[PDB]
Structure formats: structure tokens, C-alpha cells
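Asker: Model the placement of chain B on the given structure of chain A, informed by the hints.
Protein chains: 2
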Amino acid sequence: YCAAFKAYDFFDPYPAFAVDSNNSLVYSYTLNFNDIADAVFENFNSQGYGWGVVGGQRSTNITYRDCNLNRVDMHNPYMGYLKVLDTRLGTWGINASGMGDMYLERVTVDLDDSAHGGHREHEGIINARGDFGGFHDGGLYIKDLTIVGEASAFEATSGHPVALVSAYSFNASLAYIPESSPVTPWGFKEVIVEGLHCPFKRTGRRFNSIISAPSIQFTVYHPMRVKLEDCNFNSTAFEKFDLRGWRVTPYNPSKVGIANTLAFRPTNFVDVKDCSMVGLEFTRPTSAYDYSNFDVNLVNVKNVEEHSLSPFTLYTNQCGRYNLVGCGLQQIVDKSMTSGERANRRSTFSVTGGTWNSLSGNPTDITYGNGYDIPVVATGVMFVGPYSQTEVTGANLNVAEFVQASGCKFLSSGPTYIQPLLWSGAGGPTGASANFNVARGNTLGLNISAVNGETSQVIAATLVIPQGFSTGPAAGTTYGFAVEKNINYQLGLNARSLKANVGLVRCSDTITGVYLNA
Amino acid sequence: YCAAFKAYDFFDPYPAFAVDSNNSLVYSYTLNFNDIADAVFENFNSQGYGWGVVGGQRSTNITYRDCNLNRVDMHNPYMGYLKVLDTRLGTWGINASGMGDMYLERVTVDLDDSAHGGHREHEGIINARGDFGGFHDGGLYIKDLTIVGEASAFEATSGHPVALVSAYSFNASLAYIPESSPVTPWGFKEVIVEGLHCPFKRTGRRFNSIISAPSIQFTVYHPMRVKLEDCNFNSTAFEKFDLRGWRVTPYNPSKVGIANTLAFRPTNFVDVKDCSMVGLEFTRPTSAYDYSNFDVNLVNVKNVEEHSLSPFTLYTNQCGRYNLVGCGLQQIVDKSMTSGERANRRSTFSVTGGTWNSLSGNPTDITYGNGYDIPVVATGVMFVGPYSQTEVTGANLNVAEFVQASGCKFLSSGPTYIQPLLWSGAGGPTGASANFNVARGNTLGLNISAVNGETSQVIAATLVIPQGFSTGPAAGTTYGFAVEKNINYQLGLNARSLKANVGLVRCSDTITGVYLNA
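Protein sequences appear in the order of chains A and B.
Just so you know, the first sequence maps onto residues 706 to 1223 in the numbering used here.
Just so you know, the second sequence maps onto residues 706 to 1223 in the numbering used here.
Some hints here could point you the wrong way.
The list treats identical chains as one, so a pair stands whether inside a single copy or across any two.
As the list claims (entries may be wrong) - Here are the simulated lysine-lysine pairs, DSSO-like style, with alpha carbons at most 27 Å apart:
1. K788 - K894
2. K906 - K932
3. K978 - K1040
4. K1040 - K960
5. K906 - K788
6. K711 - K1040
7. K788 - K711
8. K906 - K960
9. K978 - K1190
10. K932 - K848
11. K894 - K906
12. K894 - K960
13. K848 - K711
14. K788 - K978
15. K1190 - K894
16. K1040 - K1190
17. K848 - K788
18. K894 - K978
19. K978 - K960
20. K932 - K1040
21. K788 - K960
22. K788 - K1190
23. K894 - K711
24. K906 - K1114
25. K978 - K932
26. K848 - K894
In short, the hints are calculated from the structure, not lab data.
Bound-form chain A, shown alone:
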């Protein structure tokens, strides 16, 4: 019951290490407060092994400045604001349920936890309270967060590293939010991270998940908006967004099943800008909880560290709309590596600018519904990979089928640029057999060797695949001087929804090759 005060340089050489009869850690505090308002703590010192040194309850407008503590905690929720400025933290991090906003600025976290066996109450660095339901009805705003240490003792017991943000409940029948309550059970309402620095390299992934809920109680919602900027993870494996333990979103209360991502409103929003990671993965929830619809926006994303390759791959399992602007893309895979499930809904992909370097493989790996009804659209992109102008390679067919391109270039190895070859043979007046799929809207080039009675001429024809308003084939006509005749050609088409299957090549003269005229 205190208000309008300030505390100062209390020095504790190391915190208390208290155990029970079974040699298991129990609670102990250096500072413990109830029912305070408008408080400032400055230059507190209690750092090391042991239980968290701070325990607070039911407070308002708390500020920590220039402190050195192994934990900052609030058991009962706070309200107003909670500010942590220029502070060094220990392995516990922050554990606070609240009805306000949390501010973090220039905070260092050290994760070493060897003296504790594998004991860890909450699986993340910034947490809500697991014995209060895991709710935080407010935003979280972070500037210039630094991570050191590894927390290897916890990993040996559990098998994975710690998460960044966690919000879940230990037992839904003991800690939850009742229906009549006026509290909205957001995990966190908003998460804004602006600048994450990891000075030391990590073999594996930096975090188990960006936002985590590793229980099966389903008490709180996934955050409505997540934004990451200038985050350098400095790791050798992809980071992931795990959405497998969250309550059904309040944007879809009637639980309407979604068939196409554009036929329903977006429920969650994610923005990643100028971040450095090897890859990103989205894993959908299990059935009876899979009712979300994401809206993902990626801008200038690649890997900048020299210990790995530059292009990044995007794994996705969840229905949503994906937009990429100026990224160093490698591959788009419509499955989750963690679980293995392919996909069950139609999504949308749009790529603008940048480089698409697939290294040694195909640009895409999409199999849901054989890939029909999945619109991958690219504009002004430079494609690098195993393409060829003289042989029909796997990457040639993959890009012409799954990607609709306009104003794009292709380069395998050499100093110059090439046109991928899709078919080779002799398409005479009777027709030659063919079997390859091409996305509608792409432009194909035909190399034709026309001959009159005595003279001959090489013809370069250009053909556009119709969009699917008709069941007719793709045909055209052109003229050639020095032969004094018209050249007529036609490709037979079979309907494949968004794509078309070419089954017969026919021309009045001989067609020798079909190319992707990007």
C-alpha cells in the first residue's frame, strides 16, 4: 500500500538458492510488493543462480531503470504500464500477466541455467502467468533486445530451445477466464519487435517458436498482429510460427470452414521486414481448432551471415495470403517440416522484384490439389537455377507450370541469359505427341522451320495461352517473306483449372521447339 516513491542502489552479491527435502528449487525473493502505484526502481543488483528475485502483485505504473536482476515478475496482473529500460536480465526473463502495455528498451538477456537441473516453469523469455490462464490483455513493444547464452540444461530435458514469447495455462480447470468475465483472453494482443541482436552464432534454430503455447489447455488467443523488424537471428536453421495450441479466433466465432483464403476475412496479421533468417515455417493447428486465415507480408528478407547461404525458403501449411517484395527467395514449399502434413486449403502467393535463386532444385514444391487453383504470380524477378535452352530439365517444367511470370529473366551459370526449353521434336501438319502443363497467361515461343518449293526461312512465333474462358486450343498465324505463304500453328489444350495441359503440337510447317518466352 505504497505510492509515489523511488528505490535505489540495493546491492546483493548473489540471490538465495533454496531447495526442499527433494533437492528441488522453491521460491525466495529479494524484493516483494503488493498494491503499489507510481514506483521507480533504479540500480538494483541481484544477479545469478536461484529463484527469481522479484515478486509483484496488483500494481500500477512500475518502472525499472538501469537494474541488474535475474527476473522481473508480476503474479497478479498489473495495470497502466510496465517499463524495463537499460536493464540486464537473467535466465528467467519476464513473467507478467497484465491489463496494460509492456515496454522494453535496450535490454540484455543471459540464458545460462546450468545450476538448475532442467527446471523451467515457463518455456519462453517473455511470458504470461501459467497459473492465471496465460492472458495479457495488452500490447508488447520491444526496442533493441540482445540475447546471449544458450540455456542448454533446459534443452537436454525437453529437446528444444526456449521460445521468445509464450502464453498458455498449466491446467484449464484451475486457471482460466470464465465466460461472464469482461477480460478478453488475448495471449498478447500485439507483439512489436524492432531490433534483435544475437552476437554469437547458434547451430540450430535460435528459438523453438516465435510465439508458443506448448500445452493442450486452449485458454487464450494467438496474437492478432505480430511485426518483426531488423531481427538478426544468426542461426543455421529456419525459424517457425507454431499455431498448434491456441483458442479459436474471435474473428470466426461460428467456426465457418474456409475453402479459399479470399472468400473469408483475414483473422491474423504478420509482417516481417529487413530480417535475417535461413527460412520461415507456418504450421496449422489440429482439426477442431483450424479456423484461422492469415495475412503475411514479407519485405526484403534474406540471410546475410556468411556461415549459411543467402536465399531463404518459405514453408507454409496454413491458409493465407502471402506477399513478397524484394526478397532473396529460394523455394516455396506447401508443407510443414515439423509435422509433415501437406495442406488442405487454397492460398495465394505474389512475388515482386528481387532474386529467385533455387540453387540446385526447383523453384516450387506444391502438391495440394496437384497445384491447380494455386496462383503464384511473379513480376520483374531474376530467376537463377538449373535452367537450360538446349535440354528439357526439371526446373524448366516446374517454373512454366507453377509460376506465371511477366518481365522475368533466367540465368543458369553463364554471363548471359537464356530461354527455358519445354518441348523438342517435329510438329508437322498431322501433329506430334506432347505432355506438359503450363500456367495460363504465360507466353510461349515457337521455333518454326518453314519451307516452300525451293526456298526456306526460320520463323520465330509468339503465342499466348488463353485464360480459360473457352474450351478451344491456343492457335495463331503468321507470315513469312522469301516463302510467300502463311504459317499456321495450334497447340491442343486440356482443362486443368488454373493451368492447361498441352497434348498435341501441330503446324503447317515443322515446329522444332517450344520455349518459355518470359
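Answerer: Then chain B, alone, in the frame of chain A:
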């Protein structure tokens, strides 16, 4: 006449409430100063109803930290810097004419003003002095601003809520800048806002205007550059940029009438990024002051709250260039809802990526000059709305006429995608009448039923509308095997600047439908 000092921990339970014989508020101060330099004020407590508790004049390098005051003020301008950090403010906000730079970091504003009888000195939250001409020759930089309360009494007496930033004069004959003065009369030279939080929902619009000049004195210029980032307004109505009441820009001193926004230099710059609002409106000034040319960039703008639908609308009747990247667009309207006027100059619109969901209406509403000479260009956009492939709907014609699209998709309700239908009939050799406009550069698809003496075939043909270098029609030739003849078709064109009016449909065989192949 003081310098190099600091003041701490003054506590005032509530400010003075002083009136006059007519029961109206008069001035009273807790802290008053003039001619000071290098001052720090920390942990000052004076919060509540009454006149603002700080009055300052002619100072340099002032800092407020961890304070709780109902106003921060400077009557005579300051110089150097003015810093407000980690401070809670009352309904008065900040009023300061300046010859320096203003910084704000982690500031909360409470807007409740019930005890005052709807009386406000200035109409915004951050204001320049109205009795000094309303100038601030310098920049304004804000980080993490929080708004609570409503200020309902002022709205009741005046009809609209407060603005965010205000700069104007009460009387041009008493408070102004003479022509021989070396002061540049900027309202604010630059405005940067990064992070605006409004935890409580508002029915209506959060602010009357972002930058406001609600007088008719015309003493100061509109800000040259305005930037908004990560601002969640949390309201159910559109926000607006009101450009009435500002002195004519110094970039156009001869007052040259602009005609096409590309034949004159830009004069003002606006950038909005990762913000959340239902809509945005630009209102042009009245004649004798309408000589500006705006450059607007919108990146990833949509509504994320659960109560107001996602897609956002853009209203504008001001001359300028508009670029939208990865936005959740709903409609583009070339009018101002506040005033009702439509437009008088030619503007430019460019859309890249994202979704264009028009719900149950048309994607565009453009009327100035019948829409000719207004180049709306789209690339890689997913169009959602009331489109059809078996009927000619209004949205089909609207999107075919007003938008030049390339690599775009259309979806109304179903899991699959459609091609909008523009015309139905029987286009034989004589020709069938038609009346519909289409922007030049769009690609059209024709479904042709070709019949020879005994055989028949369905033909799919694509056609590109010429750009206007010539006056001829759009024609083409294709071939059909199994009928052993060529098919010739032609669309008669009537010139409408950037668009073309189709008047006649002609074909040697029968044309049954014309579609938008885009």
C-alpha cells in the same frame, strides 16, 4: 535568468481552478519561467482540472522527465530542443511556438475535460501558439504516443473531436510574421509519428484531422513532409487530411495553375506505412489557395480490428501522385465526403500487389473528365467482388474500363477463379452493335464458334487493344484445324483519350462472348 540546474519531486495534490466574474477560466501557474538555459525537470506532480500549470518563455534546451502535469507550454518560442520523455499529460497537451526541434517519447495523454465548459484554447493535442502566429520553424518527432479519454465536452459544443496537430492564428492583424523577418512561417517543418496506441474503441473518427488549421487567417504553410508508421487509430470511421486554411506553398511562389501533376514539381510529401484505419481522405483547399501538388505513398495499409471490416477506402480530390504497395484496398473515390466537390485536375494511381476486395460494389468511383486521362494501373492484384462469367455485371464493366491490369485474378464466391464477361451476342460478318469502354493496354478474349461446310470447332482468340498511336480498329487473324480455314475478327474503336469505346463486333464466323483476359 537561470542556467544549469535541476528540479525534483514537487508535489501538488491538484492544480488551481481560477475563474472570473462570468465563471470562465483564467490563467494560473504552478511553474513559471523566462530566460533559462539547460534545465531538467523531473518527477513533477500537478494533474487535474484547471488552467495549464506550466508557462515558459524564451528558453533553450529544456527537458521534462518522468513528470505528471496537465500541460507543457512555451508562449515565447524556445530554441535548441524541447524534450518530453516518459511523461503523463492532461487534456491540454503541448502548446509551444518553436525555433528548434521537439521530441516526444513514451507519453500518455488523457483527454477528459468534463469540468471545463467545452472551452479549448487550441483545437489539437500538439499545438503552436495562436497568439504568436502559429509558427514552428522546426521538426516534430514522436515515438510511442498513447491516447485515452475522449474530450466529450469540447465535441459537444463544437461538433467534432480534437485534432492531432494544430497550427494557426487567432487574428492575422495582431499575430503574424512580417515579410522582412528572417523566420520561415512553417506550421511545422516536419512531422514524424512512429507508434500510436488507442486501447479503447471509438465510435466515429479518432481525430478531426491529422494536421489542422481551422481558421481563415492563412498565416503559416502546411508541413512539407508528414510520416505515419505503426499507428492503430481503433475507430469506425475514416481519418482525413484537411488541407484548407494553409498559406500558399513556397514551392509555387508564382501561383502557377497545375493541370496534370506530372508537369509540375511536387510540393508536399506524405507517407503512411503499416497503419490501421478504415479509410483516408484528402480535401483540397478553396480557390486562391489551391496550388499544391502532393506525393503520397501508402504501404501495407488495412484495418486489423475486429469491429469494422478489413479493406480500406481512399478518398481524394487533391492533385497528386498516389502509390499503393501491398495494401488491402476496397475502393478508389475521386471525391471528398467532407465537402462534396469532385476534382479539377488530373492525378495518377498505381497499385502493386495486395488484395482489392470491393465487397458488393465497384472497385472505382472516378468521374472527373468522365475518367479519361486518369491512369489507374495495377500489377499482381487479386480482385474479389461481384464479378461473373455468365452474366454482364456492373463490376465487370467498371474494372474493364477504369483499370489497366496485368497478371491479375478474379474471384466472386467460389473456390475457383473466373474471367469477367463484357459482351454477349452473335457477332457475324455484318457486325453486331455494342457499347462499352475498355482501357487501352488491356487484353480481351473472344469465344468463336467456327463452322465449315460440315465440320465445326470452338476457337479461343486473344486480342490486345492498341495504345492510341493510330486511329484504326483492333483486328486479328487465327487459324483452325479441322475446319481448314482462317478466322478474321475486328473490334471497332472510338477514341476517348486513354480509353477506347467499342461500337461494333465483327467476325467472319460467329463471336458469342467477349471476356476480360487479364
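Asker: List in ascending order the numbers of the hints, as given earlier, that are violated by the structure.
Answerer: 6, 9, 15, 16, 19, 21, 22, 23 and 24
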